[PDB]
Every structure is written in C-alpha cells, then in structure tokens.
Amino acid sequence: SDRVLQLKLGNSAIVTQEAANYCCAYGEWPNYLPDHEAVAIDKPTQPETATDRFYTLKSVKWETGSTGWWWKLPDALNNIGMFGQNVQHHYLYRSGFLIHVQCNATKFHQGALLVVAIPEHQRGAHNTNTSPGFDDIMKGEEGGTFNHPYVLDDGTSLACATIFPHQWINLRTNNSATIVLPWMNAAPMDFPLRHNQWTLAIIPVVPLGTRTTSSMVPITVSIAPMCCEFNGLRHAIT
Amino acid sequence: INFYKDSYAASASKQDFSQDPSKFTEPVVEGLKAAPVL
Amino acid sequence: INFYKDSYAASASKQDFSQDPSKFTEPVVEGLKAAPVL
Amino acid sequence: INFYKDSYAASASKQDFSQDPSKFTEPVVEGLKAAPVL
Amino acid sequence: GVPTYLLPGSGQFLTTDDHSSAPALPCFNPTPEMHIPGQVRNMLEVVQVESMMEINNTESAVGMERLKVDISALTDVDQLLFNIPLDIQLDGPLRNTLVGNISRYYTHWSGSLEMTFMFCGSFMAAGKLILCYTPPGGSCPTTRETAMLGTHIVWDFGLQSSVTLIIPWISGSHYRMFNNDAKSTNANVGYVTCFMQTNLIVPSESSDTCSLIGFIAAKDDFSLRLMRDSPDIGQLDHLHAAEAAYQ
Amino acid sequence: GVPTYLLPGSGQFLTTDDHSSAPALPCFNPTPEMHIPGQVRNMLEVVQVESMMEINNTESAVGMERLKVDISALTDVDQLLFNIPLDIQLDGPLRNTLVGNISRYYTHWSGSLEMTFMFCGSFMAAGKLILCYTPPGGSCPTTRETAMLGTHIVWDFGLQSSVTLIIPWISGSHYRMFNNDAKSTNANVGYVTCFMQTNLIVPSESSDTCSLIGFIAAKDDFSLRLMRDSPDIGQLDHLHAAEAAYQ
Amino acid sequence: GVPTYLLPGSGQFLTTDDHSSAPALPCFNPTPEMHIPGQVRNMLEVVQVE
Amino acid sequence: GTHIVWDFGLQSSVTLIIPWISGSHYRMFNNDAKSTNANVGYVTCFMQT
Amino acid sequence: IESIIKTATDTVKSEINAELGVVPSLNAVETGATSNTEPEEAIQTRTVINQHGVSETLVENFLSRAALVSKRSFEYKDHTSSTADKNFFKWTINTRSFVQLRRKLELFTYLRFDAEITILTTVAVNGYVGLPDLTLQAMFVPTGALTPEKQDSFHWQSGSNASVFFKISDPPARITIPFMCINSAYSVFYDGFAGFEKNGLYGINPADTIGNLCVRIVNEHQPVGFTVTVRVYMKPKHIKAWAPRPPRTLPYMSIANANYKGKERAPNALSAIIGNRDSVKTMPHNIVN
Amino acid sequence: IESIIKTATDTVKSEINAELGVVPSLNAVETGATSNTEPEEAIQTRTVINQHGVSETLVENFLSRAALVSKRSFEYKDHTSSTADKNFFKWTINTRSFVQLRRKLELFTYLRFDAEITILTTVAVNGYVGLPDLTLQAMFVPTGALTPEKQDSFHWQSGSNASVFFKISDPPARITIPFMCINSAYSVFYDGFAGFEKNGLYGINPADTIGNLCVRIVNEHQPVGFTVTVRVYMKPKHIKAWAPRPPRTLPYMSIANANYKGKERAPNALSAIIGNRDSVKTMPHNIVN
Ligand SMILES: CC(C)Oc1ccc(C(=O)Nc2cccc3c(-c4cnn(CC(F)(F)F)c4)ccnc23)cc1
Ligand SMILES: CC(C)Oc1ccc(C(=O)Nc2cccc3c(-c4cnn(CC(F)(F)F)c4)ccnc23)cc1
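Residue numbers (the entry's author numbering), protein chains in the order written: chain A, 10 to 247; chain B, 29 to 62, 64 to 67; chain C, 29 to 62, 64 to 67; chain D, 29 to 62, 64 to 67; chain E, 1 to 247; chain F, 1 to 247; chain G, 1 to 50; chain H, 150 to 198; chain I, 1 to 83, 86 to 129, 135 to 296; chain J, 1 to 83, 86 to 129, 135 to 296.
Since the hints were made in silico from the structure, they are not lab data.
A couple of the hints might just be wrong.
Claimed, not checked - In the DSSO-like style, the derived pairs of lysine-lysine whose C-alpha atoms are separated by at most 27 Å in a straight line are: (1) B:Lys42 <-> J:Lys288; (2) D:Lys33 <-> J:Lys6; (3) I:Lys71 <-> J:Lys6.
To be verified - These stretches of chain C come out as covered by chain I in the derived footprint (C-beta under 8 Å, 3 or more residues): (4) 38 to 45; (5) 51 to 61.
All residues carry an ideal CB built from backbone N, CA and C; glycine is no exception.
Go ahead and model the full structure; you've got the sequences and the hints to work with.
Set out below in structure tokens:
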C-alpha cells in the first residue's frame, strides 16, 4: 500500500510500483509566500502548471567504479522549459521541489544508493587553499560527480549525511526514491543564477553487483518545481 | 537583571524545552506503526 | 535609574515616534489629491 | 541574595535541625526500656 | 553593606551607552520652550523630500550645469538619452541628495524610491519619453526594446510638468547594504534608463535644446539601519582658529 | 549612597557566565523572523537520528568501503562474522556518527542505543543472523553458544530489509563516563557480536558476497552531561587567509 | 546609576563567608538523590555513640 | 509535453490519457494531415531507465 | 497631519487602472510639494505586511552618541623656563572643531539639548619609569568669570564654579551640562552679527555662548616630564530639532565660519561634487558576463 | 508532533509477546525514517521512573559559551621607522579562524543570534620596568565606512561609530552586538557566489557581512616598546538554529572555504576517518582475566 505511488503535477505523471513511502523534508510541504513574510512589493507571477511539472534530466550509468552524482537546484533546471524562461526573465525566484529518483535492476542484482537532499551544500576543493571556482560549482543539467563522497566533498562525512532529508534505493527492496523539499533559504526569495538552495546527491554506498549477464543500469532523476513564484520582471539574462 | 533599554542586551534564554525530533527521525508522509513498515 | 534631583541629568528620551513629514513634503496651502495637480 | 539561574550556585543551607541519633545509638530491633536490658 | 561583584565591561566608556549622569549645575532652570516652525523628529521625514540628482556628472559640466540634462530633437527613432547609476554607496548621481546624504550615515536600507523629472522646455515644446527601471542581474539596457521589458512609465509632455517613476523595492532580502562592492548581490539595485518614446518636437522660435531636472526621494515604506560615520566628511588637519580656542 | 563590598570573583571573566550587557547599537531593529524548515532546539533530537557505523575500520578498506561489512556463504556452522567495539570515547566504529560526535562534546551519558542493520544483497539472497549484546564484565564472546546468553535478536532476511538490536541501558550508575580508560567499570559498555544463525544462501546468478550497513542512534531515554571541548578537532597553526583578515 | 561606596572588608577572602557564587557549568543536572542508610545531620549524633 | 512515467510491476498496464486540447470544438478527418483543423500532434516512447 | 509612526508602511495589492481624468504619476514640481505618487498607483503590487522598525532614525538616536569635541596635549613638568600650557590649559568651548559631530549638528537650524560630557585622560613619559596616577581638576568658567592664570592660582579654589576632580586610574569623568542657551534653542547657524557696532563677529549667536573649560594637573610637578592628553566628548540628549538643512559638501576651512574652498578635483570640488563619468550614457559599474 | 521535554523518558515493564503479524524489531531503512523499535518491544523491561534532565543539550546551552574568535599582537612603540601594526590594528570580523567555535557553529545550516563580545588585553615589556596601564579604543566600522589609516587619524573621533574605551587594569570590556543579518538567519554555509559577475567569492553570503573591528592604543608611545595582545571572545545568545549538519571530520585548511586534505594517516585521513583495527573480528580493548 505504501509501495505503489502516483505523482501527478500539471501535464506530467509518474507511477512507481516499488516505492518505500516518501520523504517530506523536515515534515514540511511547499507553499506560496504569505503576505506577512513578503519583501518585494511587485505582484508575482505564479505560472502554476507551466512550471510545476516534472522535468527529467539525462540519465547516468551506475557502474562498478561510480563515486556518485550531484545536481544543484535551481541550477540544473534554470535552462529547462517555461521554468527556465521565468528564471531568465525575473530577478527573483521561489519554489519547492518534488524529486523522484529511478533505478531498477533484476532480482539477481544487488546495490544500495543513498539519495539525499543537502541544503546549502557549500563544496570544498581537495588539497588546496583555493576555493572552488564558478565552473566547479555551476554544472547545470548535467550535474557533477563526487570527488570524495566519503567526506561529501566538504571535509565532513557520508556516514552522518542521514541528518539531511533522504531515502535509500536498495535494489533488493525498492526501485525509486521520492523527496519533497520546501523552500529552504534565509531570505524569502533569491536570485536563481548565483545561489543554490538544495543539492541532490546520489551515492552508491553498496556497489552494483550481479552474476547474471550485465546490462546498463541507468539512474534517472525527475524534478518538479513546486509553487513557483517570480518577481522583478526584466529582459532575459539568458 | 536587565536595566538596558534594548531587549537584545538581555541574558540568554535557557527555557525552551520544546522538541519535535520526528521532523528529523520520521519525515515520512505516512507515519510508522508500532507492524511491517513496508 | 535616576537618583539625581535635576531631571536634565536623566538618560536619553528615545520614545517620541510622532512624525509629520507633510510640513516638509507638502507645505502647500491646498492639499494634493491622489488627479491633475495644476 | 542569589541572582544566578542554577540553584546549586546558592549559599549554604544551615537550617536542617533534624536528628535521629538512635539509628547509631540504638539500632536494636527491640527498643530498650528505661529495666534489665537482657 | 550589599554584597556585590563587578562584571566584564565595568569602567568602560562605550560611546553609545545610555545612562543618567551627575548634573554639574544644580537647580538650573532651562529657558522655557517656545514653538518653532519645522520640528523634525525622525530623519525618515527628511529623506521623503525630493532633491536634485547630479545626473550630468561629466567633465565639461561645471557647477549648476551638472543638475540638468539637455534633450535635443533626434533623427533616429527610439534612441537612448541617458542612464542613472543606482548605487548610493558609490559616488554617483544619487549621493549628494537628501535621501543620499542621510542614508550614508547608515549601513542597511529598504523600501521604495521615487524619481520625478520636470521638463523645462518652452510651452511650445512637445514630446514623449520612456523611463525604465531594470531590476538587477544583467547589464544596463542599451536599446529601448530591451529596457521596455522592465518597470517603466511613458511620459507625455503637457500642462503637468513632471512624472514619477516609482522604483519599487524588489529585493530578495529584507535589506540592502551600502557596500563598496557595487556588484554584490546584497547591494546592486539595477538601473534607470531614459529613451525617446517619440521625439522632442519644437518650432523654429523655441530653443532647439530643452532640459530635464531629475529628483529622487524615499517613500514612506523606507527604512534605515546600522548607524555609521558618514564617508562624506573628514579632516586631515586642525581647522583654522581651532588652536585659538585654547589661547 | 548604598554601602557595598566586593566579593571573591569580582572582575573575573568566566566564559560560562550569563549576564545582560551593554547594547552597542541602540534602537537597532533586527530583521523580522521568518519560518525556516528544520528548527533544532535540543541536541538530543540530533542523536536520535540513525547514522552509519564505520564497522569495517580496517587497513585495505578505503573510504566508502569502511561503511559496509561483506557477508559470504560459509561451510562451517555458527561462525562469527564481526564484532563492534562500544567505546564512544576511544576511536572505534561509533565515533564518527551523529550520536558519537555530539556525545563527545559531553562527559557523561545515559540511556539506550539502537543498532539497525540493512541487508543489501540481491532479492534472491536468503539468510539468518544472530546479533548479540553482552553486558560488560568479561571478554568479548567468540562462539555463538556463548554470545547467545546475552541480549540478542535473531534476524531473518525478507521483505523488511532491517532489524534493530536494542542495546538497553544496563548500568550500575546513573551515568557512564567518556573515559580514555576503556576498561574502567564506569565506562565499559560491553560488546556487540554477529554470528551466522543459518547461512547466507544464494543462487548462481546472484553475487556470492553481500553487504550489511550498520547504523546507530540514541533512543529518547538518552541524556548527556558535563559539556567539554570535543577531541575531534584542533589546530596547530593559523588557518590560511586568517592573517589576511587583519590586512 | 546607583550611588555606592565600598566598606572595610571589600575584596577580602574570608574562609567562613557564606555567599552565592557563579555556577561554572550552566544547565547541569545533578544525579537524582537516592536513599542511603545512616544519614548524619548533626555531629552531636556521633558523640552520643559510646 | 503531457507524459506518464511507467514502471513495470505487478500491474501490467499504464494509460497515457491524450486530453482533448483543441482550439475548435471539433477536428476534421481531413486527408490534409498538416491542416490546423485536423492535426492532433504525436505520441512518443523513450526509455526512462 | 501628525501621527505616531513605529514601522514602515504596508503595501496593498493593486489592479489594472485605465481611468480617464486620473493620472497619479503626473506631478507639478513647481508647487514645491514632493511627488505624492504611490507605488500602488505606478505598478501592480502585492500585499506586504511591513514589520521594519523606524527607531534608529529618530533624531534622539541619530544625534545622542558621544563624539570628540576637544583634544589637548600639554607638558606636565617643571615649567620655570618655558615660553606654553604650564601644567594647565583653557578651552573656549565650541562644537565646530571636529567635523564628524559638526556636520551632523549642522543638518539642523535649531537644536535644544542637554550635553553629557565625558573627559578621557592619558599620559606618556617624555623621551621610562612607569606612569603616574595624577589627579586632575576640570573647572567650568562661565561668561564673565575670571579664568586661572597659573596652575596654583587661587581661581582653582572654585567657591562657586563647578569643578570635577578625577584620577587617571578612574573611569572617565562624566557630568551633564543642562541646555543653557538664553533662548529656547541653540542657533546652529546665525545670519547675524554679535554686537551693536559693525565690527562684531559674523555667524556666532551671542545667545549660545557656553564659557570656558579650564583643566589643570593638581599634583606638583615630578622630577621628570610627562605629556598629558585630555579628550572631551559631548553627547546631546533630550533633543529637539528644527528646520533640516542641506548637508555640508565642501571641506570645512575654519571653526569660525562656513568658508569653503573644495577639493582640487571631484568629488567635493567646488565645480563638481560628484565624481565624473565619461557620459550620461555610461554605466560606471555595469554588470558584464 | 511538538511537545515539551524536560526529562528523559520513563521505561514501562513489558511481558512475553508471541504475536503473529507484529514484528516491531523489523524496520525499513530505505524509507529514510529512523528505527521506531522501542526497548519494551525488544526485551523484557522493568518500570523505571526516569529523572534525568535534558537542559544541558539545549541549543542555547550548547552554543552560548564564550569562545575566542580573534587574537592579535602588535608593537606599542615609536613606529617612525617601521615597515606593521603601528600602535593599532584592523580586523575583518569572522568566526572561522578558531576551530573549536567554528566546528560547533557548523553543526547548523542557519543560525540567528545576538553576539556578546568580550575583549581581553594583555601587555609585556619588549626584550623590565613595570607594565603600563594603557587606554585602548575599540571601534566597530560597518560596511562602507572608512577605516582608520593611523593611530591618530580623525576617523577615531567616532561621531557615529560605536567605540568602547577601556583600560588594561579594568575587567575585560563587554558589549552585545544585535543579530544584524539582512536576512532572518545567518547562512552558516552558502552554496552560492557573492556577486552578479562570476568572479565573486564562493561560499560567503553577502547578507552576513558584519564589518571591521579597529583597535588602537590611545596613549602616545612611551620611550620603550611593549607588545600588546588583544583577544576577542564571542558568545551567541538568544539562539535559533535550523537544519543540523554532519560534523567536520578533516582538519580545516582555510577560513575562506571548506577545503580539505585530511591527516596523513588515520584517524581523520581522507581514506580512513576511524583508526584501523586488525580485523572486523578484533576487539581492540578486550577484557582479559
Ligand atoms: C568642569 C565640569 C564640572 O563642567 C564642564 C562643563 C562643560 C564641559 C564641556 O566641555 N561642554 C561642552 C563642550 C562642547 C559644546 C558644548 C555645548 C554646545 C556648544 N554648542 N552648542 C550648540 C550647538 F550644538 F548647536 F552648536 C552646544 C554646550 C554645553 N557644553 C558644551 C565640560 C565640563
Ligand atoms: C567596538 C565595539 C563597540 O563594537 C564591537 C562590535 C563587534 C565586535 C566583534 O568582534 N564581533 C564579532 C566577532 C565575530 C563574529 C561576529 C558575528 C558573526 C560572524 N558570523 N556570524 C554568523 C555565523 F556564526 F553563523 F557564522 C555572526 C556577528 C557580529 N559580531 C561578530 C567587537 C566590538
């Protein structure tokens, strides 16, 4: 009963037959900005179903040497569909996200993915005094790969990452993970091109294994922005 | 003892015993029962 | 805390939130409407 | 005079005049009378 | 006696402290109060008064010439006339204004600004302008078709001499900082630009060149925070006759 | 005036004192509060979250390999698979955990711990394990028939991926100390051991070796006392760019 | 402020004084009390034992 | 566009609803397939995993 | 109309307008009124409940912080051969010598306040043996009273002048001076002459004369010389303020007048207060990516 | 569900179970929830009335103790020939330079607090004549204000900056700084760039900029040189905290970033955080009798 889930948002739907409940980060749900928390006084555009829909990113191959993958929000979506166009035309943005992570394999496969949403995942570089550059951080839709997932690329640890909102994909048990993220920021809105509220991370704590004939085992990421608001209409930065 | 005019001057507020650990231990949309989880 | 006998000894009086900016923004004998000014 | 928040900070408690010396002088299961003890 | 102990900060002179202190002249009677015109009680009353922008802050504009912008008839459509930098912290057209000079005693600011422009051509001069505010994030717009996408007022010259462009408070944070880093995301406000909407059209006996005066004020949603010494004044020496105060 | 005298401790700077002190910025208005997800108010909320044990803290396990234990099919009955040292003070599998890192800011602790193990073999892998807690007083048990006499859960693999062994708070004293003397009777907790109850049994097309991930958390009977500087961090030098903060 | 003056004996450490003093471990919770046999409250209870 | 992500499982079948999205009340069965009164658009299937 | 304002104003949501005869963005600057266009009239707004306080821009808070008004160094030594402040100095009280407080005070035409005075003293050995804990006397000498001529003159007996005696090892000495103008407010600016003849000072109101501050070391000189520096701070309090003024732009030249020269080039040159940009079309810090 | 918790929870007695369909020790870690197995479900328990308080793990108590944030030594001397902190220094305020406070603060993503500041000063004679009782001035210079260039520059007149003047023989100077972020909370971590161009700093939120602390000796130099050391302590108070984080394991490299290297070998090496034992079957401190 908590293994089958349908998510419907706008013109998009996802069904899964092997979920493991789903996470609402910190027990929150996305909502629009109330008047008692507003700063910017222009009337916001609320595009609803034009933006509040699943976008599916390029799938990555899970391979025996894989260190894990990450995608930054809103950056990974800033160039996609009508969400991206509103990002490019507006100074200010606010939304939640619905994250659905997909990975199926046979009953003869084994492997476990930690699927974790990290708020303000400020990265470190390895073995240098120089801070990470713009091109190290801003990957867009492709996302990045972990250099040292064991310290989360930030001198910290993977083992304690379960303090952040997460599920697991354990190929024995489930083929999908779902995390619902509220707006997570100190300011009520932000400029979407220079700050990321959330990093999705997928780390293979138990590596992919089988003795059947090998197949490509992709991991697929689908993300729906939720309750998108935009303020400060301008030309496109683009 | 606070004779200063600004309330941020005051001593520390060590009295908030409210907790909600379930926002970190149980952020599941459907709560666990005592009962096969899945 | 003021134990001095003269009231000019006291601490500062930071409580007067009365404003009337219109004596500087609108010293016009006939007030503006929301409406051609002239 | 104690303006500290923790009660262990306070001055000493010199007011407990309760005594029971019989737990040390008379721990006998049957009490002595005024009367051959044995 | 009372048992006491001294805390950290005992005996310090904090310049922003607020205590009573010993009256040097006992039984003194101050002069009775008299009503005087123009009492100010909050400095936000002062920044709500509009004052002239030094928009023409260019070499070869001398003195009063810096407070006006001259407009001429053009022969190409939709041309840019001028732009206005919106940094109050850096030395631009907004600094030497009432809102400007008072705000520079503070570090944080929030709320809307009004710009008003008065057309000072002849009665026979006609024309339409477009005044555009661009929220930050990209470069200042150089073409009317780009600037038109921001907040703008189209202004027709007529019997009423002046329009206001409201600059609405569009900000991610509650406040902005008067930051010497002008490109900081906590400080940059964006841009104001003026284009020809139609043209300045004048008859032969009117002057062919006409002037705008630009003004700015805060609205009453405006707020200032974190008081600081203003960078607009300083001294390297004693003033003249300062020594003579000791002689 | 008031007659007073100064006590011992007058003028000291105690770093754990709690007084009001002079506000440097009078009339300052802080930014309005906004609701943010995930407020923590007691650190006991954090240690109740389960986090991965570094059970495979062995040479030749590198990085993430240290967070999993590999299980294989055996040909002898009732074999020992692994054990877990329970000293939080000494550098063992429990140290780099949420319960571990927070507890090391404190000196005394009380209450129950939960260990959960997730089996990450294939769907076709089957097996039963026994997980045993031994209260302190003797050596760590090396045979299943000895370990079976302590607190234990027998775990069958199935559709539910995980079991918990509760480690109940069995102690003579109200608290234990994070004592560098691991053999101290005020500090030692005893042992966790895992044996094969039956065997790991897999078909030919499943991987012959399967992994456990182990987690630990505090229960809500858990309590911490006597705050201390954590031994998990230190510096011998200035950090880079620390000097540049003065330049 | 309050006008004050210091008396003789200000700043002395008298070993038999009785004042409150600053708690070095804020929010510390002492171990619950347990009943123990043989509480003594006055030393005159001890000298009455032969 | 409008899409369903389909996971294989115990339930064998998914439906994609093709909603009636049209400017006019009706479409024509027109031999001109590129006519704006007739064209419906497309269905496509991709690998999700 | 006067009202109590503790927080910045709320914004109401607004709709599309399109009304004939209603033009809230048009204004008439020639009347002298500032524009009354509201943001709700200029653009479509949302509702914003505004919680920002306005206490930090209160005139009381803006002015009532302590600022340096006098700084004087002198030799504490045997002065029998000197030409000099011979263990004491006299200061003719003014508030125009240090530009930070001066410029803030000169934002107003009339001010009524009491003055909190803090006196900070510091000592160094002349070119070491330790620093002595000296006693100083500050004596307020009003208009027409005799000032001390010597460190040991009998003027210092202070039968009716207010004196404060203070040590260097003390906290800074503090007194409040009442608002003591013979008018209801100090004249911060004075478009007039001090006397009935034509030769009196321009720009100083006689009504605002405070008097003299005379400061001596009370100790006899030591065998070795020290430099003593006295710093005086004033804090206005219980402040009323009238008729705000355009701020000072050019550097001050003098404590006695408003004379002006400007810097040699912009900013704050007489020909150009704002620094130059290349043209009215140049955006000086334009964002480029 | 939110509730008030002052003491640890009681234990109820439990009996034998043997119920079909009820398996409280089985769990599903893939959901992301932590195990809900109670001890009463796992073993037979007794009743325990639990009296242990939980006040010492309050975030207020955990964070609100004073920690060193700045330490600076400089020469108090005649500096006419020096290259140096010439009787004063400027500090760009940060909390990342001393690892004990840094690591505790970095257990959280967002923090809102007021800062109690304690300034401790100490002096030694340069390589003896006694120690001088100096006056120091600490001046808070916010963003965009001018910092002092010299010990005697007029910036120190402090017309509107907060200054505290304090002696070395005083108790340590103390002030509270209000929570002064332009947001509702400080960003302890910031996954973003400070500017609208691409060249701004990674990892610093511009919203959290405090400003500068400028500290001078107010005395003129003596004939002999001293070393003055200033120590600044911060204590957070009135604290709110959001989104707890995994703790720092590797040594910090820099105040400007989260860059990491690790120790050369375990513990806290990049390849191995926990120190090694011989095998998963080895009990390192096993009791043997
Ligand atoms: C010796 C002790 C017992 O008595 C003392 C008495 C006085 C002082 C001292 O230094 N006082 C002062 C120093 C500087 C200025 C003033 C003003 C003032 C100047 N101008 N204004 C109007 C303005 F602002 F509009 F210009 C107000 C008024 C009263 N005192 C002042 C020190 C000590
Ligand atoms: C001169 C006197 C009158 O004024 C003074 C003013 C200030 C000081 C001083 O040293 N202040 C401070 C030192 C170190 C850090 C801070 C922070 C802070 C940094 N970061 N954060 C967010 C965090 F924690 F999340 F990172 C908060 C905030 C305010 N002050 C600070 C000393 C004196």
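Verification of the hints:
About 45 Å separates the Cα atoms of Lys42 of chain B and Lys288 of chain J, which puts this hinted pair outside 27 Å; it is violated. Distance check on the hinted pair: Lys33 of chain D and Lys6 of chain J sit about 16 Å apart at the alpha-carbon level, within 27 Å; holds. This hinted pair does not check out: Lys71 of chain I and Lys6 of chain J have alpha carbons roughly 58 Å apart, beyond 27 Å. Taking a C-beta to C-beta cut-off of 8 Å, the region 38 to 45 of chain C contributes 7 residues in contact with chain I, enough for the three needed, and the coverage statement holds.
Only when three residues or more bring their CB closer than 8 Å to a CB of chain I does the claim for the region 51 to 61 of chain C stand; here the count is 6, and the claim holds.
Hints 1, 3 from the list above are not met by this structure, while the remaining hints are.
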